[PDB]
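Form deposited without the named molecule, single chain, as C-alpha cells, below.
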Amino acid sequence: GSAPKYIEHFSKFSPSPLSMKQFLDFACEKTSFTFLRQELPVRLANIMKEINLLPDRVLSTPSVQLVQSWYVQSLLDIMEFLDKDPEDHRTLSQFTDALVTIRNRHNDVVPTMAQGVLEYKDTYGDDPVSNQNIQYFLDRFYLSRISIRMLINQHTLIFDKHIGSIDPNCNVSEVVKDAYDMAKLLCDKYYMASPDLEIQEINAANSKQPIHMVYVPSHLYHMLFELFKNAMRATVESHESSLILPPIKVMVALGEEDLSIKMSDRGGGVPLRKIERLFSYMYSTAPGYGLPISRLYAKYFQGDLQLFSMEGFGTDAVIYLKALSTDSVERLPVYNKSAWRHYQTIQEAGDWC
C-alpha cells in the first residue's frame, strides 16, 4: 500500500536521455541491472505522475485505470530488486524475466488507451480543447512508453552484428524494400492490384556508397510500413477506373546531419485541412494510430515525420532521421511545472476572427 509513495519518490528524478551511441557501446548486465533498477522506476513514475494529474473524468474510465494499474504493478515488479545484490548470477536473471513479463503486461496499451479516446468522444464530445489535451497527453504518454520499451528490449535481447535492437550498419533501402514487400502482400490480397516501387539514393558526400546508418531497424520498418499502407490504399482507390496505376517512389537522401526518406504517391492527395487531422488521435478514432505513433518513433531519436500532399495529385511523406549516432539522443517527456500548465487550457474565443 505504498504505490503513491514510490511514485512521489522516483517522480523527483528526471529520466536520463541516452544516445544511440551509448546504446551501441554495450559488457556486464550487472552494470545494466543496477542502471535499469533506477531508470525504469524513474520513467514509470514520471509518466504515472502525469496521468494522476489529468481530469478525474478521464482517470475514472476503466481504460485509463486499467493501464494505470499495469504501470503500478510494473513499478512494484521492479522495486523488489532495489535492495538485491548482483554478483548472484540468479539475482539478475530474476530481472530479465521480470522485464519480459512487464513488457507483455503492457502489449495492448495502445488499443486500450484508444478505447478511452472513443469513450471520451461519446461521453464528452470532440472539441478542439479536448483534442488538444488528449493530443498533448497521448503524444507524451506514448513517447514515454516507446523509451521504456527500448530499454527493456535492449536488455532482454542483449542478455538472452546487432546490439540489441540496434543495427550499427542499417541499410535503409533494404528496410524500405521489406516494408514495401509486406504492404504489397496485403494490398494484393485486399485489392488484387498494387503499385510498384522505385527507390533512389542520394549519398551527398559519397556519390554511390550504399546509404547505411546506425538505427533501430524495427522502428524504421514500422514507420515505412504505415506510410506504404496509406500510399497503396490511396493509389489503388484513386485509380479504380483508370488502368494505369502509378508507382510509389521513395528517395533516401543522406546529408551531413540528416538522413531523409521521402515517399511520393499519386494517390489523389488530401485537402490541407484534413492533413492536420490525420495525426490527431481523437479525430482518427472510430466508430488506426499508425501515423501519429509512427511520428513519435521518428521524434524519439530527434527525427520527425511530416506530410504534404497536393489535392488532386498525390502525397509526399517524409521521415527525417539524424544521420549521426551522436545526434540520435532519446527525446523524453518529463514532469515539471512546465508540463503542468499545458493542461490548463481554458480556451473560449480565440485571438483570430
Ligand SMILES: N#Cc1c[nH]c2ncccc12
Contents of the next structure:
There are 2 protein chains.
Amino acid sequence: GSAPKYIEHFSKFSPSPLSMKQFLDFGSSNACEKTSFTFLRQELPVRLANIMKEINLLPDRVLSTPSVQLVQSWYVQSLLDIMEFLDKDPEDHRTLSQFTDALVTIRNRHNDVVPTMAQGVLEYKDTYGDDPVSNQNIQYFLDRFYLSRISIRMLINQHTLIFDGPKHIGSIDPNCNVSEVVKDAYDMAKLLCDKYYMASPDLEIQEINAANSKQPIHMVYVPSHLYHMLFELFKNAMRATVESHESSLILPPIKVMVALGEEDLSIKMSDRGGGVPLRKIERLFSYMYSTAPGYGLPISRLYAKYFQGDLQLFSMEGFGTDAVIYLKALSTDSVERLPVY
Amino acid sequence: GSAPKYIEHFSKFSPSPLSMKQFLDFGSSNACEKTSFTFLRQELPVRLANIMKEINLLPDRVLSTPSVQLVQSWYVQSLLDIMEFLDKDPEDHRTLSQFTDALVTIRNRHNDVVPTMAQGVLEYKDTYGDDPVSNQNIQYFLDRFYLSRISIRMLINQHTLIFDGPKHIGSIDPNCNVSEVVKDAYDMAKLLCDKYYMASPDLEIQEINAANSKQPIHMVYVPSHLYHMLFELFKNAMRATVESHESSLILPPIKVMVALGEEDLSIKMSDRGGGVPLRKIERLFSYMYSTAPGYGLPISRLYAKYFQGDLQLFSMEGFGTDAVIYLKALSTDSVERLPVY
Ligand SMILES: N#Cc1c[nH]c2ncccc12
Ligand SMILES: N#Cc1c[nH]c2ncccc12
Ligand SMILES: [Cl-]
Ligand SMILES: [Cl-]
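Could I see the form deposited with the named molecule bound next, after the form deposited without the named molecule?
Entire complex below, previous chain first.
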C-alpha cells in the first residue's frame, strides 16, 4: 500500500489556518464550490497526514493498542478517500457532488473517536498506571489530536452545509446574539436538571456593551461551538448548585455576564454551588484524571482556543465557582489555531 | 579565598522546608534560642549556597553585569558572616547575641536587592533585547531568586523578632483576622488614592464561613505578607476604577469576599475598573515586560506561593477585574515552598 508514502509526503506541508473572513468568502455563494474543492483536496490530506505522523510516533505500548489502531485505520481510509479526487477535474459537476458525499462519509466514520480515545485512556491507566509523566504526554497528544479533529470537522461542515445543491454561512452566524445562545444552553441544562433533580436554579443575564451601552451584543462566531461550551458549564454549575443546597430551601440563581470590549468578548458564569479547592482545578481539565470506569471541560476549552480564545475556571471553596469563556470580539482576530507540527 | 569552596560544599545539601507548626515551635519561648541558632547556622549557609550556585551558572553576559556582581558580592559576604559561627559554642550567650546582630546586618545588606535586580533587567532589555526566550529564562531565575530571598528573610525575621532579649509569634499571627488586614490595606491604598486622584472607591467586605456561618474568619499566617499582597491589589484596582470613571460621577466600590473552606481560604477582590484584555494578563506577571525606563504583582504571587498558595487574575475587558489570593486554611498544609535545586 502507499498509505505510509502519502503520510510522509503530505506531512512535509504545514496546515494553513483560515480566518473568519476567509470562511465567509468560501461560503459567500454556491459559485465558490470549485475553489473549496481545490483547496480541501490538498488541505485535508495535509492536516490528516500531520496528525497521522504524530500518531505513528507514539510509544509502541500506546500505538499497539486496539483503540489507536482502530482510530488510525479510520484516518488511513479517510486519507485514501480524499486522495482519489486529486486527479479529478473540478469543472465536472459529478466530481464535486461525489466529493461532498465522500466528506459526509468521512465525518460519520469518525463520529465515535472521542469515546474510543477515552477507552484507550482508561486502558492505559489500568495497564501502566496514572503517573504524572503519563498524564502530561497523554494531555499533550489528546489536546493536539482533538484540536486537529475540530479543525478538520469545521472545514467539512462548511463545505457540506453550504454546497448542498443567506443569514447564516454554514455553521457561522455573522450576527450571533450571545445572550440567545446562553438562554438556549441554560434551557437544555434546566430540562435535564429538573428531570433528574426535581429542582433547577434560575438564570440571570446581564450585558455590558462598553462602547455602545444598552445595545445588544452580537459577534461573528460558530453558535454550535458556543452552545457546546455553555451547555457543559451550565450542567456542571447546576449540578453543584442543586447538590450543595439539598438540605436548604433557597436555590441561588446562576448569573451570566456578557461583556464586550475592544478585543475580548467575555462570558462569565457565576454559581454558588459550594466551590472546589484549588488543588482539584487542574484535574478537571485532565483527560486522565477525569477518566474513570468527563471530557466536557477539556474539549470545551479546545473549542474556545480553536479561534484564539480560552476557557478558565476560578473557584472559591465554600462559596461558588466562576467559569469565563474568552472569545475574540473581532472577526479579524478570529483565526484557526491548529496544532504546531 | 574559600568562598567557591563553601558554595560547592553547601550546595550539595538540600534546603529543609519548614511548616507553620515548626515555626510556632521554634518561637514558643526564649528557651529555644539555642536550637534556632544550631539550625540556622547550617540551614542559612545551605539556602545561600544553593541560590549562589545557580547565580554562578548564569550566562557570562548576565553574570558579568555590575548588578549581578554586586548582588553576588552581598551573598558571598553574608555567607562568610554565617560561616564564622559554625565552630562557636551555643551555650555561650555572647555567641547567641552576636548571631542575632549578624543576621540584622545581613538582612539590611540585602534591603535593596529588588530595585537592583530590576536595574539589571532593564539593562538586559537594552543590551540584548526583549525576546520571548530571554523572558522565560529571566522569569525562571527571578522567581526562584525572589522566593529564596523571601524564605531566607522569613527565617531571619523569626529569630530576631522573638529572641530580642505571646499573642504573636514573631511575624506569625496564630489568630489573624483576614478582614482586619483587608481593611488596613484598603485604608492605606485609599489614603494614597485620595491624595493623588482626589477620589477613592468605597470598600465592601463579605465573609463566607462555610462550616461556621456568621463566625469571623481567622487563620494562622504572616499578616505582613498578606498586607503586601492586598495592598498591591488594592492600588491597582483603585487606579483602574478611578481612571476608568474620570468622566463619570458614580465610582463603583471595590468588593472583597473572604471565603473559608475545608482546605482553602480564598480572598477575591472585585473592581469595575474597565478590565484588561486577556492578551495583557501574562505581561502583568512578567518581570521583563513589566520593566520600563512594576514587580508588585509577580512578587505578590511569590508571597502567596511561599506557603503553598497562589494569586490569580481574571478580567473582563469592558467591565472589571477579579484578583483571587488562594491560601491554605490549615496550618498543617502551610509549608515553605522553596526553589527546587
Ligand atoms: N465547570 C464548572 C463548574 C462550576 N461549578 C463547579 N463546581 C464544581 C465542579 C465544577 C464546577
Ligand atoms: N491587580 C490588579 C488589577 C485590578 N484591576 C486592574 N485593572 C487593570 C490592570 C490591573 C488590575
Ligand atoms: Cl477524528
Ligand atoms: Cl537577597
